[PDB]
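Showing just some of the chains, left in place.
Lettered A and B in written order, each chain numbered from 1.
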Amino acid sequence: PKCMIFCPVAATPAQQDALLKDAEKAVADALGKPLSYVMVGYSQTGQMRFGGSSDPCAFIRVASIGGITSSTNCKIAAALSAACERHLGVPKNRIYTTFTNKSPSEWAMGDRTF
Amino acid sequence: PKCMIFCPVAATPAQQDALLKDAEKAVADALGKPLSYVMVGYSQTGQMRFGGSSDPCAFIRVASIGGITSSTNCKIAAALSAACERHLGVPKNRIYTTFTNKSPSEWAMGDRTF
């Protein structure tokens, strides 16, 4: 699985480390996949707006080979939004999380597809 | 809806503010969705190449729950490309815009899916 967080907040690598540790656990747990297959990252964007406001907001992209369902997506979004609020100060209601189901052939690690 | 612009141009936050204001309006207008649900951002990439040239270029990703159609995508791309040209100096013919239709269950705000 993959989880990438995009946010204008200038997070210190130590905020980022704690956030990403929370993120990887939540994604592995919800999808029932080994942590060894979970990739997570933080990317500081330039400016971001949401609802016509420059107030802090975030968006996160999560992808998996299967496991993408209404219930599981909601679980992941709840956990990820809460972690961003905790670590970045971004209100959870200003965080969009979107989910993408990938076919095994659409996902490679090194020189091999799944 | 979501619109994220990726470009190597070192845009000043004030270029970015004006760009993103143009972007949010164009996306809301084309999709007939309230501005309150529109998220927009700018991300300065490292190097980008297009057509084998390092000349300035950009790519933008736009996602929505429904509303993704040939006519509507063309309208959004016309408006977004033009805004990047105006605010960033990037020729519109060196801007790729790609569109993604999301199911409601694939999109969360805070701890709730749509």
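Throughout what follows, contacts are C-beta pairs under 8 Å (C-beta built on N, C-alpha and C of every residue); 3 or more make two chains touch, one makes a residue touch a chain.
All protein chains share one sequence; of the complete assembly in this entry, 2 are displayed, while the total copy number is 3.
Methods note: only the chains that are shown with their structure count from here on.
One simple way to say how far apart two chains are is to compare their mean CA positions; for subunit A and subunit B this gives 20 Å. Only residues 2, 4, 11, 13, 16-17, 20-21, 24, 35-44, 63, 102, 105-113 of subunit B touch subunit A when the two sit together in their complex. For subunit A in complex with subunit B, the residues that touch the partner chain are 6, 8, 43, 45-52, 54, 57, 59, 68-70, 73-74, 76-78, 81-82, 91-100.
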